[PDB]
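Listed next as structure tokens is one chain, alone, in the form deposited without D-galacto-isofagomine.
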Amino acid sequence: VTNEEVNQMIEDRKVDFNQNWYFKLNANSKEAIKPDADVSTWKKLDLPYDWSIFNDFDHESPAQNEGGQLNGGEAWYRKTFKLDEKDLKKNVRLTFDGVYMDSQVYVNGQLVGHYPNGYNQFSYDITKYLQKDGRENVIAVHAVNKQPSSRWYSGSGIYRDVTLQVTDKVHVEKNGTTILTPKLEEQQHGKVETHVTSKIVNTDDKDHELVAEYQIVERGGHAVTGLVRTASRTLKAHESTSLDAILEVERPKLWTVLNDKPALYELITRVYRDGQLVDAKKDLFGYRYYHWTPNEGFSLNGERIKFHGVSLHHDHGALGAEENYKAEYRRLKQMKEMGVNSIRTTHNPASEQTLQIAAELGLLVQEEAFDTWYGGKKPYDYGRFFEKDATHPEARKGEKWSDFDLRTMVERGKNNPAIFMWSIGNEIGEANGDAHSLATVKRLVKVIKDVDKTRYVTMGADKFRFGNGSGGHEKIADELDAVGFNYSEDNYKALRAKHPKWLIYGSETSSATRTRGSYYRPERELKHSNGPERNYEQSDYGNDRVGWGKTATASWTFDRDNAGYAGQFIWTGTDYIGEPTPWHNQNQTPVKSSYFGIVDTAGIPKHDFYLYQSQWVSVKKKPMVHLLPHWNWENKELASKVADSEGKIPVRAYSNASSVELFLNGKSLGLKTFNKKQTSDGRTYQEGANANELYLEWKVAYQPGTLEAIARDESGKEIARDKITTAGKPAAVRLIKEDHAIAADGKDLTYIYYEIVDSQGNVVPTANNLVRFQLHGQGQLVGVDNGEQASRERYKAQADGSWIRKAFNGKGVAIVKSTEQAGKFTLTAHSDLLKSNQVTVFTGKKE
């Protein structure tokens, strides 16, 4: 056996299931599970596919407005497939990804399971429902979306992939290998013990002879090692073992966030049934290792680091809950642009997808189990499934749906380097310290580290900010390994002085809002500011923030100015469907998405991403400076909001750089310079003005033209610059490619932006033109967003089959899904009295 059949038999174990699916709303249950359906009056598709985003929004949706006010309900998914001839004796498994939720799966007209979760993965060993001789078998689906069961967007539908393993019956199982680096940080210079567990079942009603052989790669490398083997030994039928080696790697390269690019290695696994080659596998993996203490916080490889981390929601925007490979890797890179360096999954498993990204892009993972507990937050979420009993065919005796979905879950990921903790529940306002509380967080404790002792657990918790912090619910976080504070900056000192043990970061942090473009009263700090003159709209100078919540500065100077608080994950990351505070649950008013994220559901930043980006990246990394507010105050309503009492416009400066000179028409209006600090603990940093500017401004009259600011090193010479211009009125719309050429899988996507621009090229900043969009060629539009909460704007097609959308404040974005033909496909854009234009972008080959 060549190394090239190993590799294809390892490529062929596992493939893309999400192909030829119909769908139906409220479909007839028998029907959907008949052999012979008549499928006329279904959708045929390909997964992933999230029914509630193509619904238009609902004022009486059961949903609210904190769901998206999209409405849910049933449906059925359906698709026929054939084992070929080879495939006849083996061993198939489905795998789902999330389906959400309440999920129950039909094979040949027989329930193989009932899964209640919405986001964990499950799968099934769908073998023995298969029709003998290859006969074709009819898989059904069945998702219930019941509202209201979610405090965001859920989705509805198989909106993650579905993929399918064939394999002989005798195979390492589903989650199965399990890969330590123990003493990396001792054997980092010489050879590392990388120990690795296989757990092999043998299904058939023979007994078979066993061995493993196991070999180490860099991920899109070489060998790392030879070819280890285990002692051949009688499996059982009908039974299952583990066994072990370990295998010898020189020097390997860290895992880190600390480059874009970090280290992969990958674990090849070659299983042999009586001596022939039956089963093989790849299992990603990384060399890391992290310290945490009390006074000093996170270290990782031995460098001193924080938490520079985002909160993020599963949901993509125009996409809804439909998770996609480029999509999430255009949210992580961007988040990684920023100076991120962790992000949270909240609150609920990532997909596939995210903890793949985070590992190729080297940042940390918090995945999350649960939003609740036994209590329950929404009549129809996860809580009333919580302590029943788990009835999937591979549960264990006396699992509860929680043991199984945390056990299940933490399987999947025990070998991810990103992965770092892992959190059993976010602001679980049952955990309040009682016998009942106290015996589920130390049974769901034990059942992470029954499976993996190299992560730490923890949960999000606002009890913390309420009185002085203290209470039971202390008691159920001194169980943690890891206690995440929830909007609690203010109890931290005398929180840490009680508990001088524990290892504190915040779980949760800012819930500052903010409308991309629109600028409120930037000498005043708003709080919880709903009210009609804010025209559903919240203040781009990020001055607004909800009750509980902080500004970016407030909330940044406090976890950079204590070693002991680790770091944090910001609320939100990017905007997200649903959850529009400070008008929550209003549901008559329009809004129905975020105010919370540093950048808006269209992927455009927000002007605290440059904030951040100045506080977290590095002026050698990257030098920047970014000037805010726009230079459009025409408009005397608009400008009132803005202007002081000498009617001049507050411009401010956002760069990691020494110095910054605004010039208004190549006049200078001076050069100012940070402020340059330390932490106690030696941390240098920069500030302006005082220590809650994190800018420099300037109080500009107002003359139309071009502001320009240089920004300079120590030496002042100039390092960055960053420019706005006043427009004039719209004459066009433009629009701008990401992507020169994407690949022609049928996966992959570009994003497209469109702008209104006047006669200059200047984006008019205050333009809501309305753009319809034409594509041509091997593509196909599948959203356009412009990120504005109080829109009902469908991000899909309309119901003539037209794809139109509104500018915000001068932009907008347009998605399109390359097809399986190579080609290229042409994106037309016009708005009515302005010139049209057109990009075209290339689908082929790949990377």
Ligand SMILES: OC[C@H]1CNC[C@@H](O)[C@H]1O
Second form
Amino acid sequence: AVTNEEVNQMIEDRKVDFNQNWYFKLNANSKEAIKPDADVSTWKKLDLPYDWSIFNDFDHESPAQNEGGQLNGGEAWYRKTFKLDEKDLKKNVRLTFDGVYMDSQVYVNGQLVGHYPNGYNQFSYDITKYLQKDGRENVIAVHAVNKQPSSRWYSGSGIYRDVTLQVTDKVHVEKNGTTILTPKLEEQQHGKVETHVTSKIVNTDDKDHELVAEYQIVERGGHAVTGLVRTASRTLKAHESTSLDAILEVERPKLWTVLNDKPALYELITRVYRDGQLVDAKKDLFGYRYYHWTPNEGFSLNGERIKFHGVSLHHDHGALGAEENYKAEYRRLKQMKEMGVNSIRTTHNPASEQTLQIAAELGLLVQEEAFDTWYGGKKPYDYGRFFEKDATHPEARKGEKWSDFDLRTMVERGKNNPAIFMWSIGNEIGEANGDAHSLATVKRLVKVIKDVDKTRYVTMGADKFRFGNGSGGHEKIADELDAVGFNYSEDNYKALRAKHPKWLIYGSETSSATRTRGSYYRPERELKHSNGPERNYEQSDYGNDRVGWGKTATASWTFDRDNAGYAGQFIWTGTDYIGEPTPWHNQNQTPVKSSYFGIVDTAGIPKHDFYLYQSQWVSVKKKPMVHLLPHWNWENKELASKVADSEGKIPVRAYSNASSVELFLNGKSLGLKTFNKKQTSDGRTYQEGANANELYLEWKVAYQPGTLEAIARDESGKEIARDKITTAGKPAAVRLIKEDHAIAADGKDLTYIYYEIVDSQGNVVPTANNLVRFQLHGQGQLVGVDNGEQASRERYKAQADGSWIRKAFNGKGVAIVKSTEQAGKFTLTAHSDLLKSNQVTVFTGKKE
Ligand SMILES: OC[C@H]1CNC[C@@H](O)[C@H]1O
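So that was the form deposited without D-galacto-isofagomine. Now I'd like the form deposited with D-galacto-isofagomine bound, please.
After this comes the whole thing, all chains and molecules, with the earlier chain placed first.
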């Protein structure tokens, strides 16, 4: 008899991590790459993922230009050899790539399996017929090409996401074969909820077989919530496929939501029987949630009205480059969640598996975006050139173009993930102008999605709405969407809303405020696209710089807050990313190589607007807070002259979700100030400062060195939070700050250790740029160093002599250390010239 234990083992064994033991060579000879018994002594042995570009030096002559981060691409081969276990000799074998950038070719045993242009969409190949008989070694060779320029942001190059192997019986649930629907959830939620499941089953055998599917639903990390539900036994013919169906009932399921930080998730277990023998078993993640959206009230989730407090995110992880990593993406998404973010937009490409899983786990709604261009292109070597070409993937359907195939497979991949609620079929598509070609195209793409999944809003992000009054032919394209995304179009919302009263409208992309951490300039002014030499390649952490087409955090948020019919926004961006260093865009001889748009810097350190947003989006009951800016080191006349008002006072500002804030300088009160409480036209309560354009409270403070302390209080006058800033003396030491006391010894988990330049009393020196040198000992591996400074041209990776160094920027930076597969510990030591050295130790071992 097959025990539940055996079924769970079968599920685990069905899919394996195939990232280990690859060989990499830039510009490798094609014939050596694909052939048996190649000499790999000149190749780099490594474990995936591996983005080769992040290891380059910045290049002012890079064909990527600074928009692409001035890190070159080129072409490379990755090669791996493997053998099937004796028991797996007759099994079906599928190889899945979560992302390869880009224009890839996969070879198995000297033969071309497929060519796949898309740099971000997951793709997979059934490689069974290509493998050797009798368990002799197989060779996989992957060619990746990044011919530049191909991108408006840093892409990275190569196999930058996971590769997995599925080994299954000849009769099996096909790739993305599971559909899970809860069509009557709202009505049924207080009793038995019908859960409609569908399995696409394939018989790859040359014999007919009798087929039965058996299902059970379980709480993820919890218990069973159904028994086994069985389909009627039927024949599945040789080389044929079929869809089996069942309905399971789950009583009073916990509903997945963004309103908590560990939302409920479930798994469907599928057991497949061939002639009465269990041959295939798998699980599929899903959740129970429903939502609704109306023109005038916007969005609701499980009956609760919310706004999308969203961010747009690019894929890179700073010093990790394009390398996707669960722990890195977890840190980032949890950080967005700590801010009050409840949703994300994967701008402008399919998401990794890690991103999608973590969003489901943390409770973040997701818009996953297929395209940055259609047939027009934006950069010569981007996806545009492939968009209407015939798809040559071995599993593409007749007549499918690449755009059809890529969009379909993205949707089929993610259709059960409860976090995804929107599919975007394009961002700022210039050619989508309402002409016959673009109109045909929008309807074709909408239909590709609706044939797979009707439960999610098909959308686009459109900046065309910001020009003039926002009207034009593009309106016909918007009419074909479930929901219309406005990029930077607040100014035309009122008119577009009166014109199109049935549209579901939201800000697909907003703000594009530009900021450098710890840099301050002219807080009394709003600065528009201010990029003169007097700026020193920095933007203001007061949040008063924004691009020509952009808005400040305050202006973009207050508009959203005031308008119920504008359902939310996805801020450009939640974090900085490599490339696009507007407002120095493609000024290639300047130092800049990474973005200013992020609320948080590339090193994972929040800029001040993080706390502005937190004060707006996180309830005083959940996390009472107060945050002061700027720093309190104003000895430097040049720095101070750019900040001080006419009376020479420093504008000190507090963001807080409390009722009042009282500022003290060296223990002396500078006066309690109280937020003005107000209501939106539809009765929503909010707080503001001295006027509608100020969400902070402000004091003009005559500079006296010492301590500024802010006391935040509830309406009854009880202290609920404080913040404080202290004038630092001269650098005296480097201090290391551990995020984790321990991590898993799985060779995948990692940790972020911050370094700070401190004075002799342990105050961070807010202007310090001292060079820090790092040593690592023990069971760890340094994998990155960063300080988030846009103008920096420092390496993120090891120097050419193997050493690891990085300057502080405005007192701070981070070092990233990955675990090995051995338990133990690692010690990070930091040194700096004439300063005291410091070390921390992080343990490695058991997960959880
Ligand atoms: O302000 C910069 C943004 C404009 N909208 C599209 C984004 O990818 C980015 O270029």
